[PDB]
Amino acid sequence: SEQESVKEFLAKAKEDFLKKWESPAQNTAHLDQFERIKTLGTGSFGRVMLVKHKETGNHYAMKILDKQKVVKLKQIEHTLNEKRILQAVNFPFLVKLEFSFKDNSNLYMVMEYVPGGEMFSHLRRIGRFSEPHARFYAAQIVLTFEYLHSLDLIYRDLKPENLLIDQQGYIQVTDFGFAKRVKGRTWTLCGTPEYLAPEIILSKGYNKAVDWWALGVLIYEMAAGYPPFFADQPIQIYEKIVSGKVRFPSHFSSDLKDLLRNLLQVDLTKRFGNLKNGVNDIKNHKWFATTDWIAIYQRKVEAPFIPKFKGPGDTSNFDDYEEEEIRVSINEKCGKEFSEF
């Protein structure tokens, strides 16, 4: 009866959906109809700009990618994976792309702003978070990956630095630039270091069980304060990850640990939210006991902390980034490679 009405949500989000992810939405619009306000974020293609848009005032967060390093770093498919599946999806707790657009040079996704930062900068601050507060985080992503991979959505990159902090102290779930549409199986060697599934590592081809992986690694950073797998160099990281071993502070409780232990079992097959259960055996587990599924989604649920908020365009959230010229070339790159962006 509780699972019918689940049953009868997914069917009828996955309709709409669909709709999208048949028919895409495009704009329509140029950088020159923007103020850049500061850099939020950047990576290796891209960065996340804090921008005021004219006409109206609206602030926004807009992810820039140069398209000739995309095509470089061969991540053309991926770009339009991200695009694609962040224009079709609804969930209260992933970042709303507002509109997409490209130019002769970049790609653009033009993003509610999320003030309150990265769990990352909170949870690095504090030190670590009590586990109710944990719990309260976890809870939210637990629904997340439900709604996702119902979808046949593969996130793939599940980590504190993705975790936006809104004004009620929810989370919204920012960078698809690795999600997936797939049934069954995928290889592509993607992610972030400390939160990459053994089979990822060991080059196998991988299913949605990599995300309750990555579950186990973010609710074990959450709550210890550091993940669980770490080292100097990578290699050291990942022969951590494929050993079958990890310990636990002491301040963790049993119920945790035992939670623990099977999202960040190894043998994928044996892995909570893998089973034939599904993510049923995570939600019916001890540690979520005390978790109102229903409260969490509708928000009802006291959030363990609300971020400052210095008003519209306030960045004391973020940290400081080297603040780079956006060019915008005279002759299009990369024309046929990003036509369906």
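Positions refer to the first chain, counted from 1. Each form is matched to the other, and the largest set of C-alpha atoms that superpose within 1.5 Å is called the rigid core. First, how it differs from the form deposited in another entry.
- Large C-alpha shift between the two forms, rigid core held fixed: of 306, 275, 29, 294, this applies to 29 alone, with a displacement of 2 Å or more.
- When the rigid core is held fixed, the Cα atom of residue 45 travels 2 angstroms or more between the two forms.
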The other form holds:
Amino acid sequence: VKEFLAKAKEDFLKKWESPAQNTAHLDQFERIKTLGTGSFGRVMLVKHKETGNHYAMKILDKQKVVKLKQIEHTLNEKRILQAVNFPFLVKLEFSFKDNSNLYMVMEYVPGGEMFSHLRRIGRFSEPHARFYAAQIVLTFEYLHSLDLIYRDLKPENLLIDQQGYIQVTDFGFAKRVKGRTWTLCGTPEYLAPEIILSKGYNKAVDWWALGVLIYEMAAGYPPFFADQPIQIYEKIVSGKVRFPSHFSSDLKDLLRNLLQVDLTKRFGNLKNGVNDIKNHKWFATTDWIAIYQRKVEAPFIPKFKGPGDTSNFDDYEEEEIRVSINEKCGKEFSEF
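Form deposited in another entry structure, per the form deposited in one PDB entry context:
We keep it simple here and write out only the one chain, dropping partners and molecules.
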């Protein structure tokens, strides 16, 4: 496992040190349909002429990014994405910029968001939630081993691929960092207490997040919810959580170690790192290697009657794309 990780690190480091830039242009693609909206910008299904390949293109308006004070986070997102490599991470195929916009061309993942299936079906069975949760575990282990904090886990950001496996998308809040950082970002339902309390935090906020996610998948609703974020924060910070009476006792014990407001004893943050989680009883039947190799059979395989069909995604208002004749925000995004 070490030689895996150790070698993963050397590869990321070389890419991180000298990122790829300008690997395409908007002309080489045809616009088909808007697939969704993430942290910032829009993502559209596109077709790559020269190859006939379908991709998902994230487009960000440079001026809007500057307005929201997201420049550094945006540069983070591309620099990190061009550098990582993992089965459960959506792959970035190219990136480029024009006078107006930043572009990030990613693998098209046709099964849609976990979000859509979860809400439609209600909640997942424990073995079902375990299969998903394992892939996130391995993914955070990869990411944290490179000093990366994900900071935006939610079912909206988890796509289901043709083999029924998960791919994580939207690195808008991802950051390579040693030790602590302070930005107030993420999704209210998923925020760790240390974050809402401006205490300063580290990668343990991600393991809390996995807690929220396992709960939401198993229950059909988040541990902390309410009409407004403000009420949501009061409940995250209060040291209390209720479990549906169908939750197995092991699952409850896991969740108690994950939604641990005490950084001291929060699972994932102890002496044994991720192994504390990997070894919990709830994961007793989880075959960590077979899952990394996708040899494990998925619970659910999405309807897919086209290489470029979009019915597993909701429809969105289709917004035109405007490319200035004048360059915008040149110096800000020079490294993009």
